[PDB]
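Trainee: The lines below spell out each chain.
There are 2 protein chains.
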Amino acid sequence: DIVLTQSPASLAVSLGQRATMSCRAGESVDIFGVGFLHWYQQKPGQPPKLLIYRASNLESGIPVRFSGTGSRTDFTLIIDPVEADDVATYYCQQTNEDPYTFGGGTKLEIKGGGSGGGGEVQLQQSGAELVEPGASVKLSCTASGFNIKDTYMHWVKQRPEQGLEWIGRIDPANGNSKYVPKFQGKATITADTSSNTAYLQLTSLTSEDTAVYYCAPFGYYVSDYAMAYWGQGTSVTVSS
Amino acid sequence: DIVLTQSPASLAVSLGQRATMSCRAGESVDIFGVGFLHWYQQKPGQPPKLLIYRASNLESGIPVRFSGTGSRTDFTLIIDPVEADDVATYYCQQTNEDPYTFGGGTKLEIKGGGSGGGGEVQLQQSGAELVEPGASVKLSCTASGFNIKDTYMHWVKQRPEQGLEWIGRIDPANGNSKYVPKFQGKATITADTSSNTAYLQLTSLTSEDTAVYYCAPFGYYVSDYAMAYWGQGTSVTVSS
Numbered sequence: 001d002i003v004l005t006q007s008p009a010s011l012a013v014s015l016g017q018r019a020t021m022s023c024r025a026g027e028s029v030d031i032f033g034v035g036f037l038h039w040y041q042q043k044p045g046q047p048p049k050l051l052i053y054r055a056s057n058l059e060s061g062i063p064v065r066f067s068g069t070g071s072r073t074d075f076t077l078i079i080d081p082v083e084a085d086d087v088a089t090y091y092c093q094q095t096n097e098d099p100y101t102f103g104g105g106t107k108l109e110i111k112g113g114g115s116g117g118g119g120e121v122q123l124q125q126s127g128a129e130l131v132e133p134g135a136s137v138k139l140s141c142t143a144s145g146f147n148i149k150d151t152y153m154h155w156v157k158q159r160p161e162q163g164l165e166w167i168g169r170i171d172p173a174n175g176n177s178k179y180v181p182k183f184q185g186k187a188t189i190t191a192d193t194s195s196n197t198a199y200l201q202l203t204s205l206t207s208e209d210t211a212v213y214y215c216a217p218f219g220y221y222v223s224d225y226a227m228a229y230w231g232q233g234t235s236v237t238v239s240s
Numbered sequence: 001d002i003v004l005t006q007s008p009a010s011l012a013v014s015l016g017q018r019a020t021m022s023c024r025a026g027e028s029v030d031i032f033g034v035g036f037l038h039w040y041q042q043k044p045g046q047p048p049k050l051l052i053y054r055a056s057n058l059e060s061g062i063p064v065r066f067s068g069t070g071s072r073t074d075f076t077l078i079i080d081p082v083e084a085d086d087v088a089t090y091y092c093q094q095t096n097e098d099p100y101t102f103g104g105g106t107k108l109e110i111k112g113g114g115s116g117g118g119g120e121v122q123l124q125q126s127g128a129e130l131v132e133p134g135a136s137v138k139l140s141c142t143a144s145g146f147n148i149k150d151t152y153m154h155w156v157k158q159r160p161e162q163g164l165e166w167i168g169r170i171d172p173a174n175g176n177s178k179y180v181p182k183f184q185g186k187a188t189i190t191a192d193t194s195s196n197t198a199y200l201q202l203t204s205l206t207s208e209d210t211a212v213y214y215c216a217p218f219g220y221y222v223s224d225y226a227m228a229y230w231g232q233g234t235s236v237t238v239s240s
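Protein chains in written order, with the authors' numbering: chain B, 1 to 240; chain A, 1 to 240.
Among the hints, a few may not be true.
No distinction is drawn between identical chains; accordingly, a pair holds when it is met within one copy or between any pair of copies.
Stated by the list, open to error - Keeping only pairs whose Cα atoms sit at most 30 Å apart, straight-line, the calculated DSSO-like set for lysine-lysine is: (1) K43 / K182; (2) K111 / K182; (3) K186 / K49; (4) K178 / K49; (5) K111 / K186; (6) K138 / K111; (7) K43 / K107; (8) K138 / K43; (9) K107 / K149; (10) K49 / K107; (11) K43 / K178; (12) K49 / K111; (13) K49 / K182; (14) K138 / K49; (15) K149 / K138; (16) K178 / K149; (17) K107 / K182; (18) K149 / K186; (19) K182 / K138; (20) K138 / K186; (21) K149 / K111.
Read the hints as simulated data drawn from the structure, not as lab findings.
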C-alpha cells in the first residue's frame, strides 16, 4: 500500500506564528494533477475533523490560514498564523488507493506552555450584581487558553432586549485604553497581566446602566477577525 | 460613527424556507474590496455567537445553510433552509473603524410550517465498552440525515494516543464488505438497511484492541471526496 510519514512528530510554535508539517508518501498519491491526500485536525479526545481535501482544497468553514500544498509524494500543511485553539494533532490520509492509509500525525502545541490543557479558550465574568443609583461596579473577566497581552480586551454592553454597544478596549501589553466618547469618564477599563484579568469599572450608576456586560478578546494574535470568543457576561441591575 | 441598520425588526419563516435579513451602513465599511461586516446569532441567556466574518466568510463550525452577502454599505444574511435551531436574534457588527458599532438586530422565528425535515448529517455510536480478553464486542453506528444505503460505511481504529487505522467498509446496499487484509479474520462489518445503522464486530479481543473506534460515511452520495463526517468514537477497553 501507500505509507505516509509525517514530520515533525512533535511541533511547538509560538502564538501567531507559522507552523509547517510535511507528509511523505512512499508512492505517488497524485492523480492527473490532483493529489489524493487529505489533512485532518484532531482535538484531544475528539473525532478527526477534515480541514483540507485533495492536497489544497479547504473544507467549508476552514479559514485561509490553512494552506495545503504538495506534488506527487511530498505534501506540506501550513498554518499561518497559528491561533489559540490550534493545539491538536494533524494527520494526512491518502485516498488514491486502498488500503487508505493515515500518517503518524504531528502533535501541535502552543509555546504558551502547559503540559496539560489543549486550547479551548474561555472567559470568566464575575458574578451578577445588584446595585443602586450612585453605586459603582468593577467587573472582572479572567482569560484562559491565551495570554491577554497577545491581544486587546473589549467590553460590550447590552440592555434587556437590545443591541450590543461597544464600550471600549484596553491593550494589556502597554496599558493603552480607548473608549467610545460617551463612555470616557464613566467607564474605565484596566487589566492585571499578573493574573491575566480584564476589569471594567463603571462609576456613579444610573438605571441607564442596567445591562449585561461582556468581555471579548480581539485585535492581534487572538481574534483579530471578529469576536469569536465571548465571555458569558456579568449582569448588572440598577434598581433604585 | 458608522450607523448600522438591520431589517426587518423581525420576521417569521416556515421550516425549510429561505430567510434573508439585511444590515445597511450609513457609510462604507469596505477597505480595498473587503467588507468588514460581521454576523452573530444570539439566543436567550447566551452571549453572541460569531456566524459570518468579513461580509461572507463562514466561521469554522457554522452550518453551510448560512450565507453572508453584500458590499460597501448593503449586506444580507441568508439562511437556507431554515431549521428550528435557528430561532434567535441576529446582529451585524462593523470593524471598519472604532467605535465598532452594532446593528439593532433582527429576530427570526418559525411560523406555522407544514414542512421542514432537514436534519444535518450525524453519526451516533454506542457507549464505551469494557470487556475481557477473548470476548467479542460489537459497536454500533446509527446515522441520520442520510441513508447509509447510498454510500460506504467505514470504521477507523485509533489506539490510545496513536494514529488512525482504516479497518474496512461495507456497502449497506448489498452487504458488500471490504477489510484491510490485516483485519480479515478478526473484524466484521455489517449493516441493516432499515435500522439505517452499521455494526463493527471484533472477536477474541485483546489488549491491542483497546482503542477508540469511529464510523464514517465515505463515498458516493455522502462524502465522496474525503471523510468529512465522523461518529463520536466508541471507546473500547480490555483489562480482564
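Trainee: A separate judgement is required for each hint: does it hold in the structure or not?
Mentor: How the hints compare with the structure:
In the homo-oligomer, the alpha carbons of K43 and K182 lie at most 30 Å apart only across protomers (28 Å), although the nearest pairing inside one protomer, at 43 Å, exceeds that limit. Proximity of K111 and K182 under a CA criterion of 30 Å is satisfied in neither setting, with 40 Å inside one chain copy and 39 Å between copies. Taking identical chains as interchangeable, the C-alpha atoms of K186 and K49 lie at most 30 Å apart only when they sit on different chains, with a minimum of 28 Å there against 46 Å within one chain. In this homomeric assembly, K178 and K49 come within 30 Å of each other (Cα to Cα) only across copies, at 24 Å, whereas the closest approach inside a single copy is 39 Å.
Proximity of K111 to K186 under the C-alpha cut-off of 30 Å is found in neither arrangement, the shortest distances being 38 Å within a copy and 42 Å between copies. Taking the closest pair of Cα atoms, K138 and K111 never come within 30 Å of each other, the shortest separation being 32 Å inside a single copy and 41 Å across copies. Taking the closest pair of Cα atoms, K43 and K107 come within 30 Å of each other only inside a single copy of the chain (10 Å); across copies the shortest separation is 34 Å, beyond that limit. Proximity of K138 to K43 under the C-alpha cut-off of 30 Å is restricted to the inter-copy arrangement: shortest distance 26 Å between copies versus 36 Å within a copy.
Proximity of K107 to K149 under the C-alpha cut-off of 30 Å is restricted to the intra-copy arrangement: shortest distance 25 Å within a copy versus 36 Å between copies. For the identical chains of this complex, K49 and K107 are neighbours both inside a copy (15 Å) and across copies (29 Å), given an alpha-carbon limit of 30 Å. With identical chains, the CA atoms of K43 and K178 are at most 30 Å apart between copies only, with a shortest distance of 29 Å across copies and 36 Å within one. For the homomeric pair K49 and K111, the shortest alpha-carbon distances inside one copy (23 Å) and between copies (28 Å) are both at most 30 Å.
Taking identical chains as interchangeable, the C-alpha atoms of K49 and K182 lie at most 30 Å apart only when they sit on different chains, with a minimum of 26 Å there against 45 Å within one chain. With identical chains, the CA atoms of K138 and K49 are at most 30 Å apart between copies only, with a shortest distance of 25 Å across copies and 39 Å within one. For the identical chains of this complex, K149 and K138 are intra-copy neighbours only, at 20 Å inside a copy versus 50 Å across copies, given an alpha-carbon limit of 30 Å. Taking CA atoms no more than 30 Å apart as the test, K178 paired with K149 passes inside one copy only; the shortest distance there is 16 Å, against 53 Å between copies.
With identical chains, the CA atoms of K107 and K182 are at most 30 Å apart between copies only, with a shortest distance of 27 Å across copies and 47 Å within one. In this assembly of identical chains, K149 and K186 lie within 30 Å of each other by CA distance solely inside one copy; the values are 24 Å within and 54 Å between copies. With identical chains, the CA atoms of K182 and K138 are at most 30 Å apart within one copy only, with a shortest distance of 18 Å there and 63 Å across copies. Proximity of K138 and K186 under a CA criterion of 30 Å is satisfied intra-copy only: 12 Å inside one chain copy versus 63 Å between copies.
In the homo-oligomer, the alpha carbons of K149 and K111 lie at most 30 Å apart inside one protomer (15 Å), although the nearest pairing across protomers, at 46 Å, exceeds that limit.
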